[PDB]
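Chemist: Chain by chain, the residues:
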Amino acid sequence: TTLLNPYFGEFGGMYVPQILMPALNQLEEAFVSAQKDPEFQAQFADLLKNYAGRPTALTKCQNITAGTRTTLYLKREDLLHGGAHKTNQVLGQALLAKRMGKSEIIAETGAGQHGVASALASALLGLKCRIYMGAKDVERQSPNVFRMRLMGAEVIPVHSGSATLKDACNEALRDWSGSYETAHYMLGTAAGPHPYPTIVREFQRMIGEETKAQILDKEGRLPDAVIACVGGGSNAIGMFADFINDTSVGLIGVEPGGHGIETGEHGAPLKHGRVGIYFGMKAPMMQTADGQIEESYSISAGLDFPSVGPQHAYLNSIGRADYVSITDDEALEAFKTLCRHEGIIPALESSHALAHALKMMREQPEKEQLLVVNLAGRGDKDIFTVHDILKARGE
Amino acid sequence: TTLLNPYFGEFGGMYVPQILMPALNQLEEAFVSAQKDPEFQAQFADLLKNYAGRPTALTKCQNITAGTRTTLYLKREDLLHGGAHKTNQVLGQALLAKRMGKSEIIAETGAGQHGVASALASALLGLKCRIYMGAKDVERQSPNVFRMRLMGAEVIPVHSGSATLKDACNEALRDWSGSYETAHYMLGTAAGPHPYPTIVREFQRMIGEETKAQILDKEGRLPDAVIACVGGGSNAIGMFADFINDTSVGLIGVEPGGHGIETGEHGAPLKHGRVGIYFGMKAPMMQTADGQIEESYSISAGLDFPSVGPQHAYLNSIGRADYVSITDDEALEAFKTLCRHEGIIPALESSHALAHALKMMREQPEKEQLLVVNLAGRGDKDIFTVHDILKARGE
Amino acid sequence: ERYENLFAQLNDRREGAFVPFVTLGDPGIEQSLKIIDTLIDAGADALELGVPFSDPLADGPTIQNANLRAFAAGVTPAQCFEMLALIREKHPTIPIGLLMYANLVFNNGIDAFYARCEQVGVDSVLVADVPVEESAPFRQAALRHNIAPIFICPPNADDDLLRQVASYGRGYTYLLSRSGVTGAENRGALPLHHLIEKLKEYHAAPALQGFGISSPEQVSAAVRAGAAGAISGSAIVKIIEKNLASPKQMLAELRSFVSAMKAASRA
Amino acid sequence: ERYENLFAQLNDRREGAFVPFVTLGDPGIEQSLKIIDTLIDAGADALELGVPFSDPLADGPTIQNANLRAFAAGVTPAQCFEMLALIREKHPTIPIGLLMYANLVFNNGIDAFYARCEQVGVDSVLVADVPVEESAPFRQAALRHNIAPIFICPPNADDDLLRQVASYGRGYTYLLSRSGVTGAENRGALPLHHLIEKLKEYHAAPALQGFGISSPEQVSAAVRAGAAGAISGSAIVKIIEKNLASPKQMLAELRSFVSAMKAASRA
Ligand SMILES: O=P(O)(O)OCCNS(=O)(=O)c1ccc(OC(F)(F)F)cc1
Ligand SMILES: O=P(O)(O)OCCNS(=O)(=O)c1ccc(OC(F)(F)F)cc1
Ligand SMILES: *Cc1c(COP(=O)(O)O)cnc(C)c1O
Ligand SMILES: *Cc1c(COP(=O)(O)O)cnc(C)c1O
Ligand SMILES: N[C@@H](Cc1c[nH]c2ccccc12)C(=O)O
Ligand SMILES: N[C@@H](Cc1c[nH]c2ccccc12)C(=O)O
Ligand SMILES: N[C@@H](Cc1c[nH]c2ccccc12)C(=O)O
Ligand SMILES: N[C@@H](Cc1c[nH]c2ccccc12)C(=O)O
Ligand SMILES: [Cl-]
Ligand SMILES: [Cl-]
Ligand SMILES: [Cl-]
Ligand SMILES: [Cl-]
Ligand SMILES: [Cl-]
Ligand SMILES: [Cl-]
Ligand SMILES: [Cl-]
Ligand SMILES: [Cl-]
Ligand SMILES: [Cl-]
Ligand SMILES: [Cl-]
Ligand SMILES: [Cl-]
Ligand SMILES: [Cl-]
Ligand SMILES: [Cl-]
Ligand SMILES: [Cl-]
Ligand SMILES: [Cl-]
Ligand SMILES: [Cl-]
Ligand SMILES: [Cl-]
Ligand SMILES: [Cl-]
Ligand SMILES: [Cl-]
Ligand SMILES: [Cl-]
Ligand SMILES: [Cl-]
Ligand SMILES: [Cl-]
Ligand SMILES: [Cl-]
Ligand SMILES: [Cl-]
Ligand SMILES: [Cl-]
Ligand SMILES: [Cl-]
Ligand SMILES: [Cl-]
Ligand SMILES: [Cl-]
Ligand SMILES: [Cl-]
Ligand SMILES: [Cl-]
Ligand SMILES: [Cl-]
Ligand SMILES: [Cl-]
Ligand SMILES: [Cl-]
Ligand SMILES: [Cl-]
Ligand SMILES: [Cl-]
Ligand SMILES: [Cl-]
Ligand SMILES: [Cl-]
Ligand SMILES: [Cl-]
Ligand SMILES: [Cl-]
Ligand SMILES: [Cl-]
Ligand SMILES: [Cl-]
Ligand SMILES: [Cl-]
Ligand SMILES: [Cl-]
Ligand SMILES: [Cl-]
Ligand SMILES: [Cl-]
Ligand SMILES: [Cl-]
Ligand SMILES: [Cs+]
Ligand SMILES: [Cs+]
Ligand SMILES: [Cs+]
Ligand SMILES: [Cs+]
Ligand SMILES: [Cs+]
Ligand SMILES: [Cs+]
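Protein chains in written order, with the working numbering: chain A, 10 to 404; chain B, 10 to 404; chain C, 3 to 269; chain D, 3 to 269.
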């Protein structure tokens, strides 16, 4: 029994061991309570403004669209403290942990960004933070691991399974299964068991709310479409939520196409996977024929996960949102384009969203369209990866 | 003959070859004109808000001052696009270049941050950008060099003299001496010949103006002191300018003490150098006994320069501002402290300012004092340097 | 029916059930089949058998490693079902329960999963990541195919949960020793006799205590508290892990351990 | 007085002045002294001599490298002044002008700098990074010590600048060939006869054209346009750079070059 529907249509639910159900029920109640609590909301707003730096800019990108009938704005989550949108929801989850009387945080991370965001919120708010990270990810993300440790978090390598993000997700839940009376699990995306898809959306919805106000102020109308990449679904649902009832506004989610859909080396389960049950939810995933959870792939670590949040699968099924893919090479081109034409270095994740917008513009350059790309992160973290690819190409 | 006084007391002036005097006169006129031009001001405000993300947060740091009578705020220039305060003035200088009908930018850089800021402004505003950088700096700042090149700037190693920042400064002026009809020199600090100390101050003064409004709103009074590190003087004068006439407000500038003043391995000319004439100005510098310009030193590359802007030397001489030094080890401690207690990774430059504030607090923990540190940059760029020091120490 | 028959016979002998867990195909198919026959010959009353899965999020490191060993041997669910058919073909009456994760059950259709269980002669299925709140399509498919759905009764169960588990479950009720995940390294720390009594009041399937059972005294304790018996997994699997280099010593130690644990069920 | 005497004598011979520049102590003190004596013996009418400085921001790469060579040889300003005293002790009447940067003049006091110049027998000082706008304390100290302050007349000089340079300067007026920094690789591209005429109208010190002069035809061109002569630096220094490995060939080539350049001043 729950306060809120755990499902979006057929997708979602609460597929956790029985032992964890009280943990989820407690969290759901504390969330519903917090959402009615002016004191909670004021504390959250205070952190978002004075610590994280909200509101974020909405930047008009004139050079990149010159000589077309596209007007493109970028919502600048890359300017948020931490350099990605994740900071918004970790602040809210940290406040929920305090609300429930917990003093410890558990988090999973793959690329390391969620680990950093969890650690920073925990440092600020006086919570002990332990982060699980697949050993292969620990090996490849030394900079982020060091950042987590500077902020006083414990970083725990996970050697089980495939030693990557899904294995870290498992380990986080294993720990929580035995510690939830004292520790909160700060899940890093709008996926997993209810109530996380709901909470993460609500704690990211300021992205779309601000975008709506800013676009009305600047253009006097709503956008024709808003475009965001989809790793687990948080930045995208944060941009989308406030526009869901504005049915003239297109909602476009971009999954990583990796080396190409046809190669099987991608991270696009919503459109190219198969519904399964894993990480507490019924959702599209990448899996073997006999139902083992598969290895995902993207040039961008932030996108490299074999599933997707349930609200995206739902919005897709009813045709409210459209989902597309962008390959490594298309993302790389968009990355280089933004650097050179706008003086902004985007996250390779965000480069997927921008790449799709550039395709919308280039394919139909005489179509009048007002687009917003959610620039969810900056790309300083990616310059080594990009350097190494460009070098191998002899560019 | 000039429109404005080129001197602050005895410091400053226009010590350039005769050939460059028309370039300086033109720039001064264009600046004075721009400062009266509502259209210029609106364009500048538009870039600062919608592209750079102004206004920046003022963050109250409660964990770090617990159990003392210090209240500490950080002015969050680390959240500005580019991750340092330099973005503010490069936008204004780029607009001046356009005002004068120039389509090319020349810039010097040492640490590489000014190079990045110059390149980003140039990319956005359609200007060709060439950056001079001492070959030794090019070797040690591969990440920033790559960032400049991604944004389409040309980066030109300088092999003359000591192959570092002063040598890059020389080369920039050499180039300008032969190109000023078509190119603007985007000098990177509030130093050099008039009118640069004036222009850079005015294009950074929003830091202090916002700080004043934000502190009045939050505390109902002006700060007891505002504290900023001093590399060439830009972030500090930007924080100070709006408070100069508020004579109850302390203005504290922090020079890098390096391995210690007594070792001679530092970058603190204002207090430990000797007045000289170099880089177009009469100012304190680090020099040999026979007047060769000396090698400066700091753990932080952003601070490692053997001179200082003339307005600082002036404010010091009249006793309006006080200047102090902080050593590498004190800066490192402040860096680690902020990461762990506030979840903010500061620039090693900014860590010097924070270190002095922590000393003000710790030395006199029962003194009621309201301090603002100008957090001029974020420290992602520094985590390798810090890692390597902590490792050598076996921490 | 196999559980009902077993519990009635054990009741007549005033005995608890001793129920080992192993991962099917750990460390390979052939050695796994020998392991399982050894467990039975040494006195196992029933079996709990895991199908190797990529993401066993209710399992501690011992059983994580068992899954990894089976994968290293190339063991697939299809091969596991071949194994199960052969196990039942060898042993007519022993109850065989599977420990599953939801995706393996859902993968080719929930109904078809339980139909295959019925075809090979499985008796119960416990899906570790499906709580009672989500159990409806699993328990329905189970019962349609004469498979007992196994429900978990946690130490912190409220009355409504006790009533649900009592009502929907068949075969046995899983009585969790403690919070956390499987492992012999963590022993249960709470008396469970109250839950056992409430389960009996509500006519639940007989309780088997599981998690952290690694010693004869814990088996006897389970029986003394009123449970019908006890499950031991990690302790068994550790013997496999320890003895990978000597299949002969492995089987010897498995025999001694199961024999001792079964001896403790007298009471 | 040495400049006034030289220009009067050259006027009588209808000759231009040829004035080489070298860096003092490039490539070492002893070879530098031999270089300078060679320049004189081959027909230099006056000298421009640079004191090695860390930041020569009016100089292109050729003279940047000359400064670096002198530093590699450990040459200091004090040693340069010892050299200058010896040069004057050898040559009574040749005008000796220094090319300085402001910090070297300011370092131990402006007045003391020019007092030392007077003591060693220097005739003029050009401070490359001090424009007329900042010149007052330098020109005053110069004149107090009987040193000619050398002012730069750029190609883009307005009337006020011409009047200032004419009024404050002594010895010679430096007539810049072009924008940019020293170097033989860039030739001046503008006729300067108008500036030369205006300087004469205003009773300025005689003009020497400098920057990018590397060829006899440029010397003759300077004289034909009405200038009193021409300065050549980078072209001279390149001969040093080219011949570091053979001091004998270096001096031979310096002699041939200066001889040819001086020959061109006939007119
Ligand atoms: O002896 P241990 O501690 O290794 O425990 C044995 C466990 N083996 S099992 O198949 O009963 C079993 C039963 C339930 C499990 O998870 C769940 F409770 F969430 F459903 C996991 C494994
Ligand atoms: O032949 P080149 O092109 O090497 O030029 C020779 C220059 N040697 S110099 O001492 O006259 C000389 C004169 C003026 C200089 O700069 C200034 F104009 F700014 F003052 C620099 C050098
Ligand atoms: C984490 C991250 C993503 C992917 O995660 P979502 O939950 O799908 O948003 C995408 N972009 C950036 C910049 C991220 O930091
Ligand atoms: C560039 C820089 C400095 C030093 O330069 P100033 O002109 O003195 O401000 C200090 N801090 C940061 C973060 C910088 O980027
Ligand atoms: N791998 C990214 C984003 C992420 C965190 N948790 C996730 C869960 C599912 C999908 C993506 C994520 C990070 O750790 O920063
Ligand atoms: N070295 C720093 C700051 C800087 C730029 N120009 C300067 C001139 C003087 C002193 C410091 C600077 C950078 O390049 O980013
Ligand atoms: N600490 C014991 C007992 C316990 C406390 N709170 C619990 C909640 C659920 C289950 C058990 C417990 C355990 O984790 O098992
Ligand atoms: N291009 C030539 C002529 C010239 C054009 N504009 C100038 C301004 C100043 C001096 C010279 C010039 C030079 O640089 O010399
Ligand atoms: Cl649906
Ligand atoms: Cl449903
Ligand atoms: Cl709300
Ligand atoms: Cl609300
Ligand atoms: Cl990396
Ligand atoms: Cl590192
Ligand atoms: Cl650390
Ligand atoms: Cl392992
Ligand atoms: Cl509204
Ligand atoms: Cl409008
Ligand atoms: Cl798949
Ligand atoms: Cl299959
Ligand atoms: Cl809808
Ligand atoms: Cl394609
Ligand atoms: Cl003064
Ligand atoms: Cl003055
Ligand atoms: Cl103004
Ligand atoms: Cl104004
Ligand atoms: Cl580095
Ligand atoms: Cl690089
Ligand atoms: Cl590039
Ligand atoms: Cl060189
Ligand atoms: Cl005001
Ligand atoms: Cl107040
Ligand atoms: Cl010094
Ligand atoms: Cl001296
Ligand atoms: Cl004052
Ligand atoms: Cl000290
Ligand atoms: Cl036996
Ligand atoms: Cl088989
Ligand atoms: Cl199957
Ligand atoms: Cl139900
Ligand atoms: Cl019921
Ligand atoms: Cl556990
Ligand atoms: Cl536990
Ligand atoms: Cl109990
Ligand atoms: Cl009994
Ligand atoms: Cl001769
Ligand atoms: Cl000598
Ligand atoms: Cl001297
Ligand atoms: Cl004057
Ligand atoms: Cl005059
Ligand atoms: Cl030049
Ligand atoms: Cl030129
Ligand atoms: Cl002319
Ligand atoms: Cl003539
Ligand atoms: Cs456009
Ligand atoms: Cs994904
Ligand atoms: Cs305090
Ligand atoms: Cs300095
Ligand atoms: Cs029952
Ligand atoms: Cs004169």
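Do not rely on the hints blindly, as some may be mistaken.
With the C-beta cut set under 7 Å, the calculated list includes, among others, these residues of chain D facing chain B [stated by the list, open to error]:
| no. | residue |
| --- | --- |
| 1 | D43 |
| 2 | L59 |
| 3 | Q66 |
| 4 | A75 |
| 5 | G76 |
| 6 | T78 |
| 7 | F108 |
| 8 | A114 |
| 9 | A130 |
| 10 | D131 |
| 11 | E135 |
| 12 | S137 |
| 13 | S181 |
| 14 | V183 |
Non-contacting residues of chain A with respect to chain B, defined by C-beta distances greater than 10 Å in every case (computed) [what the hints assert, rightly or not]:
| no. | residue |
| --- | --- |
| 15 | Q44 |
| 16 | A128 |
| 17 | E211 |
| 18 | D299 |
Honestly, the hints are just simulated from the structure, not real lab data. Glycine included, every Cβ here is placed at the ideal spot set by N, Cα and C.
Chemist: Give me the numbers of the hints this structure contradicts, sorted from smallest to largest.
Modeler: Of the numbered hints, 1, 4, 5, 8, 12 and 16 do not hold.
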